[PDB]
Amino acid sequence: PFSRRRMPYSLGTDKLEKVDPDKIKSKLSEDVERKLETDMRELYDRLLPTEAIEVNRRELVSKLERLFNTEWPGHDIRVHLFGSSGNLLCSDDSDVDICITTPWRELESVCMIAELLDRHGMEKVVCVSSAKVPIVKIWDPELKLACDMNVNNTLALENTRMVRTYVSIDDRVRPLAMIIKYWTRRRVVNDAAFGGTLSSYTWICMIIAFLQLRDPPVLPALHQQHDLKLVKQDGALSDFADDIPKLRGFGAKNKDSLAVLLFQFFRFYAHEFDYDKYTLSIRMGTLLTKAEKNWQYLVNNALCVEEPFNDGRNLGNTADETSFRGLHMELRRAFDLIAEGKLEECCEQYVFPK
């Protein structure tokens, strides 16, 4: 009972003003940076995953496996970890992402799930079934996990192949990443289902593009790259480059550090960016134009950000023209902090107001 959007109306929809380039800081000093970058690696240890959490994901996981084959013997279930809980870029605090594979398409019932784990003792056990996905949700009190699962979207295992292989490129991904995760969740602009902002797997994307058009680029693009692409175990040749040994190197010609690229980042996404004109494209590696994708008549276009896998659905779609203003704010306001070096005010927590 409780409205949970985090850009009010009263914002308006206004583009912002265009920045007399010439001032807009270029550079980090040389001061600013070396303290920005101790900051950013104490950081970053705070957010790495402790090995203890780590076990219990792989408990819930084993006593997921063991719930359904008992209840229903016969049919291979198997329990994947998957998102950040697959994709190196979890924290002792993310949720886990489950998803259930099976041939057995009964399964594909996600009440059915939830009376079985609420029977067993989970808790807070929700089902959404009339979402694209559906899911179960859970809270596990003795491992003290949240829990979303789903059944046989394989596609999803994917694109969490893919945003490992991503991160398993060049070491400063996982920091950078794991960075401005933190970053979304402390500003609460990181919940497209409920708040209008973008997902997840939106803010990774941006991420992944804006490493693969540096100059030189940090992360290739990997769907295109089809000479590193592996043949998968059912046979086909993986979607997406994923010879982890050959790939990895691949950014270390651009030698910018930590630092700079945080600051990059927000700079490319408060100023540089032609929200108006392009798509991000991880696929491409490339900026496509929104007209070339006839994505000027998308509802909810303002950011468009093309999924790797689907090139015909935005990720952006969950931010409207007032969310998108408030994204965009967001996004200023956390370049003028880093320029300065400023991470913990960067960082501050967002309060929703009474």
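Positions refer to the first chain, counted from 1. Throughout, rigid core stands for the largest set of C-alpha atoms superposing within 1.5 Å between the two forms. First, how it differs from the form deposited in another entry.
In the core-superposed comparison between these two forms, the C-alpha atom of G235 has shifted by at least 2 angstroms.
Core-superposed comparison between these two forms: the C-alpha position of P21 differs by no less than 2 Å.
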Second form
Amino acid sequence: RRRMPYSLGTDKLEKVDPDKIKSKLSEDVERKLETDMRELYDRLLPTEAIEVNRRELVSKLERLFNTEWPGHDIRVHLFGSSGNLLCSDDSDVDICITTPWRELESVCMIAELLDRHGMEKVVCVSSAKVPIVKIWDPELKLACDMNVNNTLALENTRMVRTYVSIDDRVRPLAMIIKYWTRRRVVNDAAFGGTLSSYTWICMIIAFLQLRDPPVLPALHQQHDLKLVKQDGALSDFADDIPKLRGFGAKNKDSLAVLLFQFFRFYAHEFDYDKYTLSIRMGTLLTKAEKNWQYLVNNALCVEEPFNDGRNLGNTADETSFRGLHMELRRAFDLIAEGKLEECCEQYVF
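Hand over the structure of the form deposited in another entry; the form deposited in one PDB entry is what we had up.
Below: the lone chain, stripped of partners and molecules.
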């Protein structure tokens, strides 16, 4: 399922003279793009029935696990887009199973139990860095990936949820960019050699942190607004939502202007060879100061904010990155003229 064929080669795209790159939408284009984005967002928002089903899946799993293995305080939690305000009705369900009982981290035992209780397409990856069980629930009609005790993923999901809660523009902008990535088939870091949705979300956040004035702060740096978590530890990132809300309100750019600027930033402004995007810091880092010029698959460097050693761009080789950059050029060209529908056309192999 390789998205970017090896024929593309690996050449970097040349930087275009900044004076020759459109920097502003015309009023007519902005007005129509705003309306078209708002219509698309309304269609992408989730519906009650499916949001309820996501919760029902959590409860069903928790009951099954505590009946099979009682006395181990097994709890089940949504994460990913089901927990960060960025899901649509067709989004998969990311689930984290927490327990002090480390025996449960051998996930083949979970697969066997779920197969016994009517889940379908039950498969597992026991030797991955994060072992997972995948299922299809035929009653709730949900595809689910679950892990055991990956509490970092609960926290980075909660971080994304906090960013979404800080400024009204984040949810529609991110939901629309995510839709673009699905239609263009550039959000498949396993099969396709492109980037995970989480990676794209971090890129959206990093872009918004770099607006003038910024739309989003650097939550990991706002120490005085960190609250204590349910587990009793101080949060790694600022999370006092009432005190953070409004941070970006001084930036008055519309959703249309922000979508145009997102594609302009990634298509033309950002120097991929030199810099690492860091939502932990809210400022650009250099690859060189992280020794990231040596990483395999380092054409795009997007630092995971909880593990400064993980490049979220590491699933894109140089060929795939070339194709991704070309897709960003294409999107910039089209959004510049308000062509949202064409920008989001389904890619066909």
